[PDB]
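Only one chain is included here, represented as structure tokens and corresponding to the form deposited in one PDB entry.
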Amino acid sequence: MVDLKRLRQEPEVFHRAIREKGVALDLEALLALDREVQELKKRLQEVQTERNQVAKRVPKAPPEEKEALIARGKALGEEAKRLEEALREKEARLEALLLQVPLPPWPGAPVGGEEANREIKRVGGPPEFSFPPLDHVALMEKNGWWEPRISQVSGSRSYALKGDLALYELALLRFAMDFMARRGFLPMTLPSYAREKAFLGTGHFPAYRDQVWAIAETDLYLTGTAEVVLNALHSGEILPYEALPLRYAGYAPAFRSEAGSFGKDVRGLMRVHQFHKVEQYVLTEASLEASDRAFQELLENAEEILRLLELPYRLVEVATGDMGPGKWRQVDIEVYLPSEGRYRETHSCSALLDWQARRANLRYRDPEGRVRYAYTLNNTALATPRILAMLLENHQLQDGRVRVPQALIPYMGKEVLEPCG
């Protein structure tokens, strides 16, 4: 959600954002409807002022006028009722249009679609094996960690791990939580479902609604990320300035429909319906300086996690057309997956300024007493099992076993993962 007052006064700023982000939105029709709504409000307020007048002047009034004054206030009520209905319809349509308005991206973001995504940093590189390397699926098959029977049970885009790799998945999640905890972030375990209000607050609705699984015969939807829950926690609250910034490390199972992924990542751990993810969520004051600081921290935290996992990664600056309607800036972190001979996303670091805060009604009281919309940020801490794909391939041994990075030995109690069958 953008500032409506700012939208009226700098509309070309938002029209340029619409184009660069590929949003299908008629900004002029939006501005036309807004002017209708504002006019109709003025009318309603005119009737409501008379309503309140007449109501105040009925009690102490001469009986000879009493009848006429009550009948007059009754007609005022019937007209306000007619205006409220007209205003209710128009504001509904204006809401649907306003939920599509994108936030203008930061100038440094490449303008274009996915093609314009541009690498900015690279740490470590493709490993050089003195043996023919195996893909992660094959490694799991060799070590007996893969349960292919799960597709018969649960359908495509499902997975089930066996043996040490199952314990490895749960260790990776705790490894990420412990890391985030000792970086100042408050750990939280959260549910994986919420009502529509929460998806509207983050921006997942309406733009990404087909990516969400709904729970039938309920008003609930399965969340694809703990961001949905963490962002909705403080809706309608006016937080104190001294509480800021809020740094949350929320773990929750994730569910994703993966609509429109027909033909992409059909086999493996890369693109499944249900996974595990530890989320970084930051709520800070309405300051570019503070947002830039939190953004850098979220990136560094994710990078450090990958450094401890001993994985070669790269940062990618995401282009306007691949960035999302609400994003000021987005930087993806990609880890190299040899079997695909290319880097694959593992994290997505996003600054959204007040765009989510204006949807979820996230506000704080600054030191001077002014209530202002906060700025929100989020980034992956660690998500399984996609990360396991890189871990298996980058840490495979000659004999087909998989090493465990130094930082994970205390969690697993072994230096090399033991096979099952």
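Numbering follows the first chain given and starts at 1. For clarity, a rigid core is taken as the largest C-alpha set superposing within 1.5 Å between two forms. What changes on going to the form deposited in another entry:
Assignment of C-alpha atoms to the better-fitting of two rigid parts between the two forms places residue 281 together with residue 411. The rotation of the smaller rigid part against the larger one between the two forms comes to 17 degrees.
Now that we've seen the form deposited in one PDB entry, could you pull up the form deposited in another entry?
Just this one chain is shown here; partners and other molecules are left out.
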């Protein structure tokens, strides 16, 4: 959500956002429809005043003249029903269109689709294997670490892990959550469903509605990221200045319908329907200097998890057509997957300024007693099972066993993942 007053005063800035982000919206028709609504509310306020005027006259009206006044009263009341009616269906179409207006991207964002994305930094490299390396699925097959029968129970894009890799999945999630807690974020374990309002608040609805699974015969929806719950905890509340920045590390199960991903990562642990994710969410004051200081620590937090995980990664500056309607800036962290000879993303770091605060109604009292929309940001801390694909392949040993990074040894009790047999 955008300030309708800057939309009215500077629609060109918003037309470049629509153009460069590829949003299918006609701003001129939005602004025309907005004028029409404001016209109908003037003429409806006028008929509402006129109606009350005639009504006031009726207590003082003698019979030959109060007969006239009810004739006038009923016609005024009838034009008021048409204006109320036409207004209600035009304001509703305006609401819908405003929910599609994108935030302008930052001035250094690459312009174009995914192909304009630009590697910013690379830390670490592909391992040099003395032996022929297996991919994560053959390493799972070989050591008995996943259960392919899950596919007949739950359908495709499903996984079930076994033995030491079942335990490593849980060890990694507790590790992420403990790392976030010693970095000052408040740990929260959360549900994975929410009402519509929370989806609207983050911007997952309307644009990404097809990516969300509804729970049938309820008004609940399964969340694709704990960002949907963490951002709605404070709707309609005015936070005190001194509470800022709010920094939440929330864990929840995540469900994605993966509509449109035809034949895309149908293979192992990369693109499943349900996974676990620890999320980093920051709500801060409305200054770019506080958004940028929070974006930088969100990124360093995820670079640090990856360095402790001993994984090779690169950061990528995300282009305007690929960051999504509400983003000011987005940087993805990608880890090297050997079996694909390429980097695959594990983390997306976004700064959304006040586009979600205006939708979800997040506000605070600033140092001068003024009330403002806060700025929000979020980044992945660690999502399983997809990092297990990069950890297996980069840490495989010649015998097909896998070593666990030094930081995860306290969490596993062992230095090597063992075949389940």
